[PDB]
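Number of protein chains: 4
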Amino acid sequence: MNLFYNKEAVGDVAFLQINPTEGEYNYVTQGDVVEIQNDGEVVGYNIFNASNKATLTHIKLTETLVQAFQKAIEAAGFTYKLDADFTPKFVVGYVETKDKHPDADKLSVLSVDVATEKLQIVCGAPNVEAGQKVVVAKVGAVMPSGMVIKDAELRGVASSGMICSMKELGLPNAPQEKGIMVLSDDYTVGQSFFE
Amino acid sequence: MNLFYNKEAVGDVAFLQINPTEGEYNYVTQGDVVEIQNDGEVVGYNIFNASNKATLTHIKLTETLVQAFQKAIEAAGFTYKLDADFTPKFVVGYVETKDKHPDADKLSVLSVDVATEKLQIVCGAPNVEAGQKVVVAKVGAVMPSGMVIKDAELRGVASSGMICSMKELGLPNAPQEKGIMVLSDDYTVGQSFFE
Amino acid sequence: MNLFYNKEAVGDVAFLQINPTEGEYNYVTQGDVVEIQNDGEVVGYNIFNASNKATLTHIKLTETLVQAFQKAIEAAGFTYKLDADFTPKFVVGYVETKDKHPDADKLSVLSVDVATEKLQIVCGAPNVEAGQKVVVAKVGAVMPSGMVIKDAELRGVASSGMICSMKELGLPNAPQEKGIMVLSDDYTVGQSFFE
Amino acid sequence: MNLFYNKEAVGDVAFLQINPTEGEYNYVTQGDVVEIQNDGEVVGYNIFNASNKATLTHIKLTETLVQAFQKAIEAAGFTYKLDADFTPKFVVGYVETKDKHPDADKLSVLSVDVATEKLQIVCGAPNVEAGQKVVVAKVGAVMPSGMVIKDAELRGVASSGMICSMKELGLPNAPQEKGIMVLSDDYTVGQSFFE
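Chains as they are written, first to last, in the UniProt record's numbering: chain A, 1 to 57, 61 to 198; chain B, 1 to 57, 61 to 198; chain C, 1 to 57, 61 to 198; chain D, 1 to 57, 61 to 198.
One or more hints might be untrue.
[Said to hold, decoys possible] Quick list of simulated restraints, FRET-style, between CB atoms:
(1) B:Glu198 with C:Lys74: 23 to 33 Å
(2) B:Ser187 with D:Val151: 24 to 34 Å
(3) B:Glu120 with C:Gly143: 51 to 61 Å
By construction, these hints were calculated from the structure, which means they are not laboratory data. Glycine included, each C-beta is placed from N, C-alpha and C at the ideal position.
Could you build all of it, start to finish, from the sequences and the hints given here?
Here's what the structure looks like:
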């Protein structure tokens with residue numbers, strides 16, 4: 001399974017994610033695309049001669068590649084629709100309020116304005132404070148360490164996203180200061196942190 | 001959603017992996033460990049004050068960490084029993100036979116001896132041949148590019164594992180030769196490729 | 001040779017570093033250590049059976068390894084002394100003053116307090132301002148991109164160090180904001196940026 | 001300084017490369033290019049407004068960039084001529100002969116055919132043998148670990164290059180087999196290992 005931990009950043013909480021049992025795989029083939037599914041849900045695709053269906057010349064998914072594949076599976080007759088939400092998941096947010104977690108003690112529940120909406124995320128970073136601009140890994144974001152941010156819940160209260168630190172953003176070497184990263188007012192709430 | 005493709009080493013086929021949207025999540029809390037489950041299956045754990053339950057000072064799961072966590076969730080009253088498989092997933096294999104794929108043309112179906120068992124994997128690498136010792140990414144292995152090797156099937160015939168190339172093993176720069184990597188007889192079938 | 005360039009963070013200035021060409025190497029051998037020198041200067045060492053002289057089990064020099072090697076070359080009779088400073092080269096600095104470069108136009112000359120001393124560094128980053136706390140790569144620091152910060156000079160005025168940006172500090176993905184990184188007052192002038 | 005050590009691949013010999021303490025730097029300015037030199041040798045260049053002199057939009064030197072810079076420093080009046088060696092440094096070589104090192108015991112002196120020439124390199128890798136095709140890091144090559152291969156000498160006999168192993172070529176994880184890498188006959192002597 002997977003394990004995420006970060007004392008000074010989020011808190012002295014370990015997060016174990018487990019992949020559940022998987023049934024036998026089924027393969028529905030049509031033309032050059034084979035739809036593979038486990039149970040009733042589709043769990044993947046094997047599209048052949050992909051080179052003549054998409055520009056594939061460390062291949063990383065892009066809104067345009069997904070479009071190409073979507074176009075191909077559709078041309079094959081399948082109706083399933085690939086996740087095509089390429090909205091930035093790492094964004095600049097503003098910490099409106101910070102309050103004590105009702106029953107955690109070293110954790111705070113924050114209300115972070117992220118422009119498109121306001122997120123309630125639980126954070127244990129000792130350096131976080133209201134009035135700060137920070138980068139939040141919204142639900143869906145994929146952490147360098149592997150973990151995928153989900154609509155979690157920390158000891159009772161819901162948490163939708165994570166306040167990032169240098170490490171979280173991908174910094175190779177461990178920084179002297181390990182709390183979360185505080186951006187200058189220069190940054191704009193709602194804007195993507197990455198280009 | 002994961003995407004694998006490597007015209008040179010595997011073949012001109014793109015493997016898309018999808019995780020079917022998980023329903024609601026339920027949280028059963030007892031002491032410092034919260035058992036989280038989706039449907040009836042447990043899908044994870046949030047163990048708090050993990051630092052005083054395990055030695056957590061790029062945290063990667065080890066038989067000993069899992070033991071620590073298992074001891075903690077049990078002490079909390081839960082009966083679920085965490086996984087393991089720490090058996091090496093990248094191993095040295097021997098290509099016993101190589102035959103033409105009944106209906107693929109540029110793909111071959113191989114029978115690879117991996118000591119503990121014999122695997123039938125489909126490979127399109129132009130340089131692969133019978134009599135070669137090679138490194139196979141068995142089912143379960145996690146490819147640097149993200150994808151997780153599964154009990155697949157390529158155009159009809161089953162494929163359990165993947166014959167690796169320099170890139171697949173994690174080589175930073177693209178090598179001149181892009182087929183799969185052929186090891187010298189020095190290597191032992193069944194042994195892990197990594198330390 | 002190597003080439004450094006970072007319009008947005010330092011200025012429209014291409015940095016070419018060049019290694020002059022050496023010649024004849026001489027080898028003075030004593031016991032297990034061979035002192036190699038070019039001209040009259042020592043340019044290296046080959047210490048044999050190093051395993052029984054130091055703990056070498061991506062080997063990176065540490066104050067302690069250098070000590071071990073120093074002890075060995077001395078025990079061999081050589082008097083040369085290895086440079087073992089190890090003082091942090093990436094530190095938090097305070098921008099005291101910012102003035103226009105006498106004849107550059109898009110560059111500013113800054114006076115940065117770095118606790119142990121005050122450094123005059125020339126910077127073209129558009130977002131830098133007096134009153135800001137920033138991380139400076141002092142003379143000697145080794146930039147991820149290869150270049151080694153030296154007691155430079157930009158169009159006339161001397162520059163001892165470089166004001167860093169996300170990229171410079173080792174961030175994998177290009178950030179939306181490309182100027183230099185502005186730290187919060189939380190940071191302490193003179194302290195190392197890295198742990 | 002750098003450090004290199006591969007007990008199993010190269011030998012129980014630690015190589016220290018030392019950066020000879022350079023005195024002052026001198027700056028000769030003409031137009032937009034400043035020629036910087038240490039002693040009498042030129043050690044670099046700072047060409048300003050480089051964007052309007054070359055196409056600079061992880062900047063890595065190319066025969067064309069060097070041409071652009073060369074054209075600029077010349078237009079400024081300087082006569083120095085940029086080096087820039089672009090011949091592959093990591094190549095496929097053939098181990099013609101392998102003999103015992105006259106006085107090292109666990110080292111062998113090899114005669115490696117590299118097509119353009121024959122190199123005498125000293126190697127301690129236990130798995131190396133005559134008749135093998137291997138990848139050699141010729142003089143000039145830059146090892147991932149930092150060190151720069153030079154016209155060395157190991158306990159008496161000269162060594163021009165290094166026989167590489169997985170680690171040396173940049174493999175992230177430590178391999179089970181740590182000797183040098185033996186290529187299949189498929190590889191061609193003299194050809195670059197990297198694309």
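These are the hints, each one checked on the structure:
Separated by about 30 Å at the C-beta atoms, B:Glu198 and C:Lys74 satisfy the suggested range of 23 to 33 Å. Between B:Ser187 and D:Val151 the beta carbons are some 28 Å apart, a value that agrees with the proposed interval 24 to 34 Å. Between B:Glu120 and C:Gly143, the C-beta spacing of about 55 Å keeps the proposed range 51 to 61 Å intact.
Of the numbered hints listed earlier, not one is contradicted by the structure.
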